[PDB]
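One chain follows as structure tokens, the form solved without this ligand.
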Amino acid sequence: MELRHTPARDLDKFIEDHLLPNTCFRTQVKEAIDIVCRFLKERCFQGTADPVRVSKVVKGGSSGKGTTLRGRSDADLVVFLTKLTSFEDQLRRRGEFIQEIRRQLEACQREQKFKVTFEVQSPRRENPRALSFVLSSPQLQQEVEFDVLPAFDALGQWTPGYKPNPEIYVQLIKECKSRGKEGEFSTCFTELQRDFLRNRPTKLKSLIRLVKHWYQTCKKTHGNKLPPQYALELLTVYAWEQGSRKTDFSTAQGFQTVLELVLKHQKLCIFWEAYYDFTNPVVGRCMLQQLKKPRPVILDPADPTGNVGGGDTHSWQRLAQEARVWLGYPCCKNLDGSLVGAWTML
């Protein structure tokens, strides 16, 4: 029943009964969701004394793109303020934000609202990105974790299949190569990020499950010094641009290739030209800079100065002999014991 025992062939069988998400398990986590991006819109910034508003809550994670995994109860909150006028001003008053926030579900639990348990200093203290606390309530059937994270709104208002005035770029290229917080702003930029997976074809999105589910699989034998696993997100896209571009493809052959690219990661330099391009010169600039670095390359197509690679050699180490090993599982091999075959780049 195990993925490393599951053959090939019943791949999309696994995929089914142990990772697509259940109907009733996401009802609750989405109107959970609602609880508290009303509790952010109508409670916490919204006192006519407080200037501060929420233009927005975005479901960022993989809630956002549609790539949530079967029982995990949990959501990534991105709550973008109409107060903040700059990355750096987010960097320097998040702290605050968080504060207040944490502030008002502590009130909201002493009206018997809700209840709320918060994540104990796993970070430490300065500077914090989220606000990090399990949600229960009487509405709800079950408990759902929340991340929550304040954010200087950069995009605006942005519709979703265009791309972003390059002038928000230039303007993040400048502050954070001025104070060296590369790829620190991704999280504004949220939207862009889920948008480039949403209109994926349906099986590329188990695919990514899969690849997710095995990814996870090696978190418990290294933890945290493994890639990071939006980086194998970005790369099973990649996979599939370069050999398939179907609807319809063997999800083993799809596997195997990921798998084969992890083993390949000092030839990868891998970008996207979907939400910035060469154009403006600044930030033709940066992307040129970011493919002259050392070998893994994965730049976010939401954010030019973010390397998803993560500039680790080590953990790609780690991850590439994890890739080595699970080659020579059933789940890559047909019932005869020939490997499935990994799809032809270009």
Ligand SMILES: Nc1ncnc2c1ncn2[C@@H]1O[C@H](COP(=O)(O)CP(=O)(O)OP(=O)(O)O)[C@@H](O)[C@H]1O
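In this text, the rigid core denotes the largest set of C-alpha atoms whose superposition between the two forms falls within 1.5 Å. Positions refer to the first chain, counted from 1. Compared with the form solved in complex with this ligand:
- Relative to the superposed core, residue 47 undergoes a C-alpha shift of no less than 2 Å between the two forms.
- Superposed on the core, the two forms barely differ at residue 156: its CA moves less than 2 Å between the two forms.
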Second form
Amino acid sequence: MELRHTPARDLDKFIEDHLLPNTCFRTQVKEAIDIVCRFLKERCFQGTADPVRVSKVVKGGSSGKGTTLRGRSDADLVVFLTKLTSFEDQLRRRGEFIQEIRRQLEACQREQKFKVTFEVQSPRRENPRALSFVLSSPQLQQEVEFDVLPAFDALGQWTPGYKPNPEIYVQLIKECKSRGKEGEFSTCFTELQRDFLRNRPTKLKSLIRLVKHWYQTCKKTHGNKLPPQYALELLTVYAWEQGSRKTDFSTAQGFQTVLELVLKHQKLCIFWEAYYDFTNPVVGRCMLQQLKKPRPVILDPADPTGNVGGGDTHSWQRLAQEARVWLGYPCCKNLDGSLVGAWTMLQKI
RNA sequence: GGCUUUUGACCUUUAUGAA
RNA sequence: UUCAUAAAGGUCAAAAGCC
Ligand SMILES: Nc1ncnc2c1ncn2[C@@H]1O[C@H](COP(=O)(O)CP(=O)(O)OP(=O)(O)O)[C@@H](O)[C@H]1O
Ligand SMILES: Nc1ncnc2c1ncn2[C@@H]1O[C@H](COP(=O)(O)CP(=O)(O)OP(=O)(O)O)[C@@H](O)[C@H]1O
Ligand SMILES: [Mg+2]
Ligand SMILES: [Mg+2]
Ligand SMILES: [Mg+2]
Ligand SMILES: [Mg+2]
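Cool, the form solved without this ligand is there; where's the form solved in complex with this ligand?
Okay, now the whole complex, with that chain kicking things off.
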């Protein structure tokens, strides 16, 4: 049945039956990703006399994190290009490389290698960050949607578990402040975003799937007037880190905890020191400034300039109205009708 | 306890692109 | 050598579903 009719003790069964990827979906998506990556490395940029080269194509998003929803999660690919040499360079020339990727895709389509359908683009967006399309192929048993983002390799060859050289963030901050573009270059650090989730406990990822499904259900009512989905993913990590830190926990208690955190968005000030910290005075000052913003502040662990909170209080107002409604559903209720109870939050300093 | 899936960790290999 | 995407082999763990 639907999530809103599902009692607390059946949440994990709901996640299993509807949210966890099945073998065909994830294998088909991987096959499509291989198709696109091979295209990006072996065909797409071979047209130019001055070799533009792909240093890496990173599978980011839920696909790289292992937090996908069965049959509903896209493939988010950040394609790093050697010719993009700075954040400035990325901001101004990403449109060029986007159009060229589009051109070569359409070229391959004519050759009947595969079929591509490009997104609505209702707003001009001014300067898009992604090339969004649906991929069809004779080898594929299903369509797969893609977000392809050209980017400057700010991190270089990155070691998992290594803190980035703070000078990289110093440069990021300079460029953002210069152009008034905070949060603009998160794509450069998608590896850090992925790394922040990739090795988390299996059940934490299942809870994230649940919250993401809840979020998408709310999207039915409130359209696109909600806070970023990524904000809810980070809020769930926060809930677990302050309230559980265990591999085995109650899914229902975690879910209620997140719903209650949404209600307290006016008091949320969340950040991490996973990839940066207050040691560097420039980075520390940037972090401090973000932490002084109107609530909620949910700072991207990968990007000290990115408040994933979004800065739109109306968006959190609407989400909280849904959180209030859902706290009355069977989801967080025991068999006797009582709430399972949220986690006791430990104060993080 | 048994079966399986999902999610990672570690060690190898191939194709491809890069440094 | 390293990094990336897919595939192949091996080991380890976590959670879940079912019995
Ligand atoms: N507001 C934001 N600020 C910074 N990074 C963001 C962001 N929104 C999305 N991202 C990054 O881009 C990735 C892909 O975004 P989306 O594809 O829109 C949702 P997702 O996290 O992949 O889950 P889903 O695609 O299964 O719904 C996210 O995982 C996140 O790393
Ligand atoms: N850092 C990142 N890593 C991986 N994927 C990302 C990413 N940032 C963005 N994406 C993907 O690329 C898509 C388009 O990127 P953007 O143009 O930045 C979203 P937007 O136009 O600001 O609309 P929004 O208000 O929904 O965020 C996102 O929906 C996301 O799926
Ligand atoms: Mg995605
Ligand atoms: Mg996407
Ligand atoms: Mg596996
Ligand atoms: Mg090789």
